[PDB]
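Enquirer: So you can see what is in the structure, the chains are spelled out below.
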Amino acid sequence: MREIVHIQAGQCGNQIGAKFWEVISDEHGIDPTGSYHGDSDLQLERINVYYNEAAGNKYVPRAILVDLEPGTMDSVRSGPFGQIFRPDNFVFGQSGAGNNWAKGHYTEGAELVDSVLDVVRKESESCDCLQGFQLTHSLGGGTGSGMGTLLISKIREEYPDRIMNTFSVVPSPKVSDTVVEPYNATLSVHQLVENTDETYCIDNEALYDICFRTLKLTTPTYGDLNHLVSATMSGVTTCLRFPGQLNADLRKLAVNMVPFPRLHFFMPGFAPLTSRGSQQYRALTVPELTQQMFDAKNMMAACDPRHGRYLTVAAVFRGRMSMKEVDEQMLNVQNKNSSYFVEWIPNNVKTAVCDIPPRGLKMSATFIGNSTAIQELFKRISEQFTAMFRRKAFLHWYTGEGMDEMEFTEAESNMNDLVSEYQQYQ
Amino acid sequence: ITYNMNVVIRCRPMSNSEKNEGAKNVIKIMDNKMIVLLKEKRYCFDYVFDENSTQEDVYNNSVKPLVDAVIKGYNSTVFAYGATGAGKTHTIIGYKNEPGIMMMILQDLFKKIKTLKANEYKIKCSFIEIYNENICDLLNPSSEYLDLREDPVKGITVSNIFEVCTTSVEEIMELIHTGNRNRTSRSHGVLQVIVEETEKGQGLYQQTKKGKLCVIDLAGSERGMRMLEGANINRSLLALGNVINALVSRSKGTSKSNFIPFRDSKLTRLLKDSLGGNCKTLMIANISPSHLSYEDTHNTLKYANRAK
Ligand SMILES: Nc1nc2c(ncn2[C@@H]2O[C@H](COP(=O)(O)CP(=O)(O)OP(=O)(O)O)[C@@H](O)[C@H]2O)c(=O)[nH]1
Ligand SMILES: Nc1nc2c(ncn2[C@@H]2O[C@H](COP(=O)(O)OP(=O)(O)OP(=O)(O)O)[C@@H](O)[C@H]2O)c(=O)[nH]1
Ligand SMILES: Nc1ncnc2c1ncn2[C@@H]1O[C@H](COP(=O)(O)OP(=O)(O)NP(=O)(O)O)[C@@H](O)[C@H]1O
Ligand SMILES: [Mg+2]
Ligand SMILES: [Mg+2]
Ligand SMILES: [Mg+2]
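Going line by line, the protein sequences match chains H and K. Residues 1 to 44, 47 to 360, 369 to 436 in PDB author numbering are what the first sequence lists, from first letter to last. Residues 2 to 39, 55 to 134, 136 to 201, 212 to 250, 258 to 342 in PDB author numbering are what the second sequence lists, from first letter to last.
Derived by calculation from the structure, the hints in this document are not laboratory data. All residues carry an ideal CB built from backbone N, CA and C; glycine is no exception. Any given hint might turn out to be false.
In silico contact screen, one side only, chain K against chain H (beta carbon under 10 Å); selected entries [stated by the list, open to error]:
1) 166
2) 171
3) 179
4) 261
5) 262
6) 264
7) 296
Away from chain H, derived, C-beta distances all over 10 Å, residues of chain K [claimed, not checked]:
8) 149
9) 156
10) 194
11) 328
Could you build all of it, start to finish, from the sequences and the hints given here?
Expert: Structure follows, in structure tokens:
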């Protein structure tokens, strides 16, 4: 009961997905072969949420891997946990998208997409009560942005009543990796606005800051960064996988955190986060976790929560904890930091608690905030788009893939409207 | 700034079923501008039509000024309004042998057009069904469902919609009835026409006008396919209706200076051009006199006081 379907689209998305799978298999006591070697019966009770049971006491991720390039697939198959994935669930093209949203959405990814659709239909037919979909990808490239957008459009067309969740890698301001990133982000964000029910805005710059400042990590690799994201992902759906004292799944979270249809862009966070040295000089207690989570410098989106207000915040706690203590701490934070919370939604905080902690830790926390500061992310992007579009820079490539200028105009308008709406509700 | 949305109430006649139940007259009209719901909660409007009001009376005392504004170069929109069973399709389309304001409008509109034509007119009729946020072309159903597209200077065009440049009442009347035969109410019956006029002196600068007249058979509030339709329908009914409340704040000219939520639905986004335009608007609430409908008459009217 309550099966989730996982989709990974483009290189970054795939990489994050791999990490996610690795963590979750470890959590549920699943080895690199698909066999359960755990101790606790609780690890297998709700195994069906993320895994299909294959013949001979093995488990396989309900995961679809998508890319316009084959190399990524190979890399995944050769990596840790590569062999756990169903071979028929790898759907790859041969060409690539060349950082072009149009290639991914209209041309190459369109040719690709039917196969993917066929796979995912089958995957849906298998599960008895599919609750919905989780897509991991980035809005800065071509394959990852276009393919994902087309697929989510198709899944909202065929599954309009199911929950649609995305974990995106938003383009940061300073660390600009590509030149057409503004275009790709703009086009994809628009589509996300209409077709996702909740969107977790993850930002590389913020991750780097976390790694450098909070973990004090000498050399971050993408894997390390990805780990953080994976942890966050695991946090959200802990209530579907384990028992607890107060239980909240994907739907319950959405209903409590989304007051208006369009405002479904979250700034996620995780706690605790310490170095090796600073591990000894700390208190493993709920007050400390709470303190950590609400800090601006612990957000995985490059936005200052102190530049806006929290519309709603959901906190998900894992480990053996006193409910009273949890409640006290959340009330204290809202009373003390009154100015950071919208005053016309009393009790801006939703709490959920799962008894089963993550491995290595006795207590852990996951944060989901709907903050009006997310407007900053959109605004910058809009500005950059304007700067490009005013001089029609790089437009020709997109137009060569069948795209028309008017779409760009529309998307930009839409994003502007969204920004305005956030501002006004602040 | 304001949309000048007049609000009139039309009380449909008590049905034989309501009479057989023995329901009494929950609606008591106090004045042409005021009704009470029976005890006697007050509701206030620009005009109230009783159970015997004709299709011609509805036209003359509620939409004639909107139709006129359109022939004169303005936009205008009629939103029939209420719960399911309210009385909207009958008021708007009716039946071919017992037509709604659609016909009363075409007859008045075309007499004015034929007179003024002495300015060439192109009466660009269109008719769409908004169903699960998709837009059915009801005049050319071979195109199935269409999307909404912002335009240079961001008004909205239904992508690739078929329009007919009519010249008479009968052409639009037959066009529309056919369009209703092509419908699913499970949808918002958005009927609209562009009353376009170009200086008969075509060799002169053609400073044209494009008046817009629109009347909607809004899907009513409903309390797996039908559950979804209900859901989508009720959600859009709350979205457009609360975009109306935002328009009221705007129209009031109060401190709530923001962007109205027209983007919350395809219904509203398309209606946007007339909702906040150089226009006159009208809501025609449709209610029942029966005690049996009190929940319906109570909620439909509550909204109407807020819209007004
Ligand atoms: N947080 C992470 N970000 C990544 C990772 N790999 C890439 N990226 C970021 O994503 C962007 C590059 O995206 P992709 O390689 O996924 C583009 P994709 O392969 O989806 O389509 P193509 O345009 O066909 O290459 C850029 O901002 C990178 O800095 C990762 O492992 N973690
Ligand atoms: N006294 C007490 N209250 C509880 C307990 N568990 C949850 N609550 C309270 O119950 C309310 C939340 O409702 P739940 O019972 O968890 O929700 P539910 O009935 O399962 O409804 P859904 O999960 O929304 O389907 C809150 O006021 C909690 O504080 C408990 O063990 N004891
Ligand atoms: N003024 C009226 N006089 C006679 N019959 C009426 C009148 N108003 C409504 N009806 C009848 O009631 C039935 C119509 O409901 P209408 O079709 O009026 O409901 P509606 O508002 O379009 N319902 P809905 O589509 O669910 O929002 C029709 O067959 C009409 O003939
Ligand atoms: Mg790639
Ligand atoms: Mg419950
Ligand atoms: Mg109807």
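Enquirer: It remains to establish, for every hint, whether it holds in the given structure.
Expert: Here's how the hints hold up against the structure:
1. Checking residue 166 of chain K against chain H by beta carbon gives a least distance of about 7 Å; that is within 10 Å, so the hint holds.
2. With a least beta-carbon distance of about 6 Å to chain H, the hint placing residue 171 of chain K at the interface is held under the 10 Å criterion.
3. A hinted interface residue such as residue 179 of chain K counts as satisfied when its beta carbon comes closer than 10 Å to some beta carbon of chain H; here the least separation is about 20 Å, so the hint is violated.
4. For the restraint placing residue 261 of chain K at the interface with chain H, the shortest Cβ-Cβ distance is roughly 9 Å, inside the 10 Å limit, so the hint holds.
5. Taking 10 Å as the C-beta contact cut-off toward chain H, the hint placing residue 262 of chain K at the interface holds, the least distance being around 6 Å.
6. With a least beta-carbon distance of about 12 Å to chain H, the hint placing residue 264 of chain K at the interface is violated under the 10 Å criterion.
7. The closest approach between the C-beta of residue 296 of chain K and any C-beta of chain H is roughly 9 Å, which is under the 10 Å cut-off, so the hint is satisfied.
8. With 10 Å as the threshold on Cβ separation, the claim that residue 149 of chain K sits away from chain H is violated: the shortest Cβ distance comes to roughly 7 Å.
9. Annotated as non-interface, residue 156 of chain K keeps its C-beta farther than 10 Å from every C-beta of chain H; the closest such distance is 24 Å.
10. With a closest Cβ-Cβ approach of about 31 Å to chain H, residue 194 of chain K is found to remain outside the 10 Å limit, as its non-interface label requires.
11. Here residue 328 of chain K stays apart from chain H, with its beta-carbon at least about 30 Å from theirs, past the 10 Å limit.
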